Amino acid sequence: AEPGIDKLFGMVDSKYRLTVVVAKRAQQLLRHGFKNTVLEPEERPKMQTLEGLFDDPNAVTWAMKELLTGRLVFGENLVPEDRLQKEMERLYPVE
Amino acid sequence: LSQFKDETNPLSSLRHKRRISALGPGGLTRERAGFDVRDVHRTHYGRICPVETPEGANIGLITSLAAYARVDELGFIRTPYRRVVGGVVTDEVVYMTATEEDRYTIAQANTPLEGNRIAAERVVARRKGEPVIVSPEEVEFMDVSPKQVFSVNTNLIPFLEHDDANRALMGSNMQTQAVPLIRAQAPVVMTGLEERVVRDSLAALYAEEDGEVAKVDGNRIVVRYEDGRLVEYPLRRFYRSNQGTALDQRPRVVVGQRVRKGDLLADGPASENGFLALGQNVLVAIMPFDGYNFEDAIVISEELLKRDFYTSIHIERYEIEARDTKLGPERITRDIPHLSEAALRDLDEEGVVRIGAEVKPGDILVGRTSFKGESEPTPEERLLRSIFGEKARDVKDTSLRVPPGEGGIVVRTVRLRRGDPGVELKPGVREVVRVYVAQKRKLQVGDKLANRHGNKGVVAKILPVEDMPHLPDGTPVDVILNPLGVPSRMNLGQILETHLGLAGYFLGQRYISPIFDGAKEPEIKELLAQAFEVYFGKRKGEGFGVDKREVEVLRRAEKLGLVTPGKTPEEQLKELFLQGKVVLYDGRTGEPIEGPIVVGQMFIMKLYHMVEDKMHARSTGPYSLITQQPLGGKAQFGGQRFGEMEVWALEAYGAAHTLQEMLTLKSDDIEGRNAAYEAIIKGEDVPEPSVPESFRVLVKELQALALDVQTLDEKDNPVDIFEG
Amino acid sequence: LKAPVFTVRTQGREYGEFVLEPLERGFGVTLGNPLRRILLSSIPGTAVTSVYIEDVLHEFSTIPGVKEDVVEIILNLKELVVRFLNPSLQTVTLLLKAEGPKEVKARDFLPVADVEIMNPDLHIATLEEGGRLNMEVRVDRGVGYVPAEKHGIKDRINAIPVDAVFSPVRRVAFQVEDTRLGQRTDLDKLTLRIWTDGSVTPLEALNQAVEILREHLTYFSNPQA
Amino acid sequence: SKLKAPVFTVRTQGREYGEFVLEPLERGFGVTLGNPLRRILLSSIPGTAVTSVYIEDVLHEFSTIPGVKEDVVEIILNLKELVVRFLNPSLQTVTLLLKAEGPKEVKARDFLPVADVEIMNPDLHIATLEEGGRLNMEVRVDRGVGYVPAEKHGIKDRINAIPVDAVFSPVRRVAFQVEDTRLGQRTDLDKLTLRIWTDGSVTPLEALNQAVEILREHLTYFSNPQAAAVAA
Amino acid sequence: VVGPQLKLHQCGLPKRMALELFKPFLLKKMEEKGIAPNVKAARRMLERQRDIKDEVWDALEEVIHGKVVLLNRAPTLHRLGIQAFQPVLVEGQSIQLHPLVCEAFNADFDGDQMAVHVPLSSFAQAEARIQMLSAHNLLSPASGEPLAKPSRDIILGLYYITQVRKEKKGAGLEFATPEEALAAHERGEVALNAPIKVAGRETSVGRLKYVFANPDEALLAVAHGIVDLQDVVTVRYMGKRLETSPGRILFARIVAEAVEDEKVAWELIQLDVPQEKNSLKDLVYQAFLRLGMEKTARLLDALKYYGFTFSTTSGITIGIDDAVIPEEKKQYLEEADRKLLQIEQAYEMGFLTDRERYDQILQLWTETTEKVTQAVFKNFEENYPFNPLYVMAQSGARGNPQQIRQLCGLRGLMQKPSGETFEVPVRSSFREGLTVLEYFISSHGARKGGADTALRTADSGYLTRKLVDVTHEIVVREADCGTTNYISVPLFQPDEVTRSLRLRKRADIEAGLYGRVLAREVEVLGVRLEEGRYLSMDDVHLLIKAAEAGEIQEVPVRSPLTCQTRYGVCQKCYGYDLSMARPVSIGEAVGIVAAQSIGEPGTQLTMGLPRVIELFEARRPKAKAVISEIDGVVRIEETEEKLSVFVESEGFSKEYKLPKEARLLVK
Amino acid sequence: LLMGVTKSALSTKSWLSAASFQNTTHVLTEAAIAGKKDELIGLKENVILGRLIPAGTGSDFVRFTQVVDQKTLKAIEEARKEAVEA
Ligand SMILES: [Zn+2]
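Chains as they are written, first to last, in full-length UniProt numbering: chain A, 2 to 96; chain B, 391 to 1114; chain C, 6 to 230; chain D, 4 to 235; chain E, 632 to 1238, 1255 to 1314; chain F, 1420 to 1505.
It is possible that part of the hints are untrue.
What the hints assert, rightly or not - Residues from chain B that face chain C, not an exhaustive set, calculated with beta carbons under 8 angstroms:
id: 1; residue: 592
id: 2; residue: 863
id: 3; residue: 934
Hint data in this document are derived by calculation from the structure and do not stem from the laboratory.
A virtual CB, placed ideally from N, CA and C, is assigned to each residue, including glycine.
So here's chain A without its partners, still in its complex pose:
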């Protein structure tokens, strides 16, 4: 199957909540550049024909790595929605 799904289902009260977390993390992990990541020092997803997944093949897979460590926080009403978007763009360039 997919790496450590059992661990991801356990992370969430709702099966479907995992999906939304993964998706919404994937979206920002594409939108505000790709440097949004929490895990990019050493061994993070890779590909073939070179080794080249360190920039931008599969954002959703990335999110599943990232969520597989305690680095990310997920929850109902964490931060006001609007300063969420203002602070993300403001902190990271690539536009």
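Given chain A, put chains B, C, D, E and F with the ligand in place with the hints provided.
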């Protein structure tokens, strides 16, 4: 009750002309009622096949009439029987009404004889419907042959006696779907009717009297009869069928060859030298393989494609009109405006693609140019026509192009031009032009194959000859059938065809096992014993004894109880041969299969379900007008329909976004899909709405009737859903 | 420590038995199958690749005076086996031109500089009175099975590419027979058996076969990441 | 076809286990190379193994030994797992001696040392001696190839000795999988990858290389022809 | 096309197809790289088929990486009719489907086509492979059974290696006592008397002869052809001298290597018996409970691989001689002949009425047929245990004993189209000549079955629509509803043979209890089953063993019938069946799930099905039975035409008119 | 009150779902008079409109979920620090 000639092959059209429908255009029987209407009744005995009916909705409704059955002066089906005088059977036959049948004692055709006498005091015979056991005196009539019970197709299955009725109709209906093969072949084990089918269907061409042959083209045959006639028979050269198959004739005689009346001059489309050739005789090994012949899949030796056995020609037909229009007349010409010189290299000076040129999907077949739409604008343009060199208007490209899917090489054209020399061109039709394109279509993974016994199967893997089971001599098998398709489907007849085909392969002979007067097991065995003294009698002499692998299998064989121990390997291998099975070595390890395996010749054929009609792939393309969901066209296919049940599927998962895509960005919501594809070229994620198309339309479309439909917030409050 | 006796038995160009004896327990399979699997595929040879007929412009044609359609002539042309007598020729265009009442054999091709048609009695076509057959077939050298649709070889615009069965190896069988020799019973008499069309002899093929294998073992030369 | 020279990548971990991948190969050579090599690795790879044992006062393979926890069978089973290496190809056989008493776990080191013999397996559990338990034994290690059962070889040292199954092949298991890999326009290329397990005498790589070297050398056997022909 | 080399993870689909599906994506990737300056050049490169360069393909597969597509097949009966896979570029023009999910979609490979859809959003993609990926939907939502279980060849392989032989103990080779049987019965074994695997009561000579220390040794022995996989030898695996076969310890390691935990792997297998779809079904289910989801995935592919690989080499075909007619057939038919001749004169003398003769002929052949059925499997089981027919039949591979009896014994009693079965039965089997009449006799019922299958294809989701229309409301919206209500699931059923008590069958209780929530704490056998835990499968089996010793007869379990949260159901009240084995996640569209899982099996309800309609629509029955309006006492009458019953209490009475045919229940 | 499947189905609170049966004019009219509101309760109702599924992902219990990296998490801590005036 009129319908296109099902002429896939000779047998296909013959079955079709001999159908019987219950759904009359006057309103006889309708699709709702079934239960007792469809069942087989005692009277169908000898009159209507209990097998021929098709699967699905039309069971029992459409059913073909028996072989010997025929219709008398009134619309009654009338089967033959022959009279028996006390206990003496006559050579005199009476076709009997269904009701008239019931007046008498009719005995069964498998009843022993001595010239004219019954033999067994204990006789099988039918009174009206019931199965009755009877004495020789009581017998009043007897059947003519077991063939008079079933249809023509059902009567081409050789060991039907060993086949379940259910998978027997699948054999019967599939022979219809047999596609004519260029390297066509008659079955290694026939029933007998296979020269009578290519007679009565006029596929082939037979000498009218005794005489000699004077000329043989591939185009025509010419013969000199006794009566003095010299007749010229022209051949059907490469005629297209109604469903794409290639129906041509091939001359099978030489100049100076004498012939007898009724002798064959040319084979039909699926005729091998006077025999019905629906498929080919392959060397089949029936055994599992590395999950490649799963459920009903098939595995193929690449030797078939090399030998080009499973190749079949197919010809499509493309057509355009040079219609006449308000804008001005359209013209079949070569100078199309916005075309690269490379795109015209194969069009003749008139714009028609030249004969013998390979055409790929998107090339030009016939060039057509039509004037720019929206009209002839009289007030201003009419002056320009006199000002500027008249006929210097504008003309666009409306040619004909090989559709998605494919074509082949152009083989024939047809111009029906004005000055109409015997043609009925429609009003406003100026000319019409046709181009025929052809394809040698080899067997490919995905095509469909089946025997006569009802064994559906798609080719799932084409192994190279190197790595697939072979005999001790380096002969590989050709087809690998999974034995897990035999027990559920009670059709042991294919197993006998294999055994009898195994003996016929080393004896160099073919067999006719009449339908119910068939080959019995002892007969088959002794032909196999006759075979093995050639399969192996020779290998002793060439200097080769038994293989260390052959003895390792005979070890497990006697442990499995297939050979009786203590004998010599030779006597055991012959015991093991007679049971149809032989030692088989995996071709990729050279290690023997650890038990014996039955192989032989089986008659297998190529069905009308190939993979050119079948595969489609749509990214983007045309969209309809009143409904915006999409459709195929210039170089684009249509979408697949995502039905209501497929909506219940995604609802049963959490695929809320996936489902809305299916209903919004896929084809229906214009703003949504445009944003969806533009954002894909960006590298972005696709945003859902916005608002959905269905929601805004259902408002205004309700709004067309005087219904005030508002949209509300969480607290009841007005929400404008039209985006400012 | 054995040194197996390698006896050879030849029957013309077609059939050849190669015996290797005595071998270690179960090496009949270990040597006689990977050579089988190589003889069948990677042995090179010759095959007809493209044809062009007088007045014929596609494979789906009929030629007046000729019994066989252009398709049956092509099917008859795949059996043409041709030896190159000089391993510098990659291609030879054979020409056949015949008329009158004749059974055109493969014999009837015109002779070429260094080419031997191994197949002289192969039946090409049957021509009646006034039948004209004029054509140019091209044989190339290649390896394996390559359809007409993959290579698309055409000299002239009317040519019709033909499927290419290069491998000049018909069937291959090996026999592992028990040979007592001296001390031991369970020794293998690996004798493997080779049929070929004449373009290359069975011996010629076996030697290229072991040499293909040998060369494949050298691929475990140097390890990497 | 030449410039597709197959890359031979190797993952190696110690001296027991090693995966060896060879890619890309021409259609259907993954099996053509992997199975003739596995058939070589399992049989004709050379080595050593215990072939016969003699116990102090034990007269059948089935007996039970007072003062010893293990049945005579599980000791010989423990001896089959003993891996040893001769360091000088003049030793044709070594009879190892084991003598120990009292309560002790006799290890494979408790054999007495011999001049050119390396026990690769010093911590092997041979036997558990109880109070007053006397164990006195001589086992025979021979050189051989493959797996050879007890009744085939029938090795004799003393009249009370018991021949033991011989696991010569210093190769524990070998399995290969031939996978499809893609190079450009072709999907149907073979990616031969084989696993090799060994007892420590030789590393997996050394075994594979000795294996290909046996095969190579066997191809050289089609070089001394003769003459005949068959017909009747 | 079957894709046996695909992972359950995966599916294969052609190149030209993948290129067109992701064409807009691909254009971008050719613009990522030096392949094209901009999309307008990227478009022109991909029009015609001969042009696609090697580097273009590298970009396509690079676009695909990780992304899944959805596959669909025609009658979308339950939700697993659509599953997601990763695409794999394959040669050819067909989609390639993993064999383990030919279960979910009712697909075999005889021409069936499938659909293939791309999900576009990161959202659409996420939910496609968190929820819809095939390698996550291993257990059906209808019953907690596993649905991605070994099919046709996988079973047939794993059983053929996990099996044992028996042989000629011609002389009663007793080893249990004699030590002279140690060597000297092996004397006779290495002489011409005893076979390597026969009854020696404690051991077979094989057990003694070969005794392996490694399993690695054991198969190294097998590789050298001294023992087969289904011979019995002694092996020491995990500190125990196991007398077993190398095949069955091989199987063990196969499971043991798939899931990294050798120790669990040993513990959740039963290597003392051959492997058949049920045992493998339980193994798949046990593995997913104890070891997780993705390990069970790797387990299934592994089972699929050795199952396939051992299937081919084991060499099992169907020759005509493999359908062996027992000697018992001609014997039983001779009896059957004579006893039918007895019936003929007993009727011809006037002792048997014309009816009682008929009933007694049918009684005969129905007995004769069932007798020769068991007389076939007696032959197989005692003389040819490895017969392919018999192996396929008793494994989960392929075969119904109903079917086998028709190839080897005889097809039994056919029916008239009316419903009266014929007097003469079909004496022949398929292995020998079936006569012309016996075949025309047979076709009468042959089409009535083909027709009944046709009249269920006509309206496929008919049941499912109406249940969807009733239930689409129903979702899981709350963690719980405060309701202290519940349903008592009865473990016994009263009136069957009498008005007594009786344990409901195993499946039934199991179907009503697996994965619910206790409503109350239940202390039974030193076990406090605390209120509001999700009782598991083992839990349910304990309550069966509990009520088997009569300690309870009902259970408090929270149910949807007694849920309170309005427009859906709460987590607790509903059961414990997502596709997984874990509790229901909030937002599970249980409504459609319940509809499909009821409607899909409706395709297997003969015409049964009308009954099911008759319950779902509150409707009047045909032979309706009166219920008692009052709880009272029974009294019956014997009136000439028409009886009646009074139901009476100390307070008041009520009479119920009873027609003459109406047979009652209460004495 | 016990009713059969179709009857229970054909009688719903929502008119959107009701318009999916065979006499739509009657239910459109009956609801247009009483100014009926259609709470987007069920699936069928919510699919006639092109609007998202109220299950799975579209469950209001899950729809509004937020995710933050620990780097930008503490970056909101500083959105309340400049709220102190002067
Ligand atoms: Zn509830």
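Verification of the supplied hints:
Restraint check, residue 592 of chain B versus chain C: the minimum CB separation of about 21 angstroms is more than 8 angstroms; hint violated. The beta carbon of residue 863 of chain B comes within 5 angstroms of a beta carbon in chain C, closer than 8 angstroms, and the hint placing it at the interface holds. Checking residue 934 of chain B against chain C by beta carbon gives a least distance of about 5 angstroms; that is within 8 angstroms, so the hint holds.
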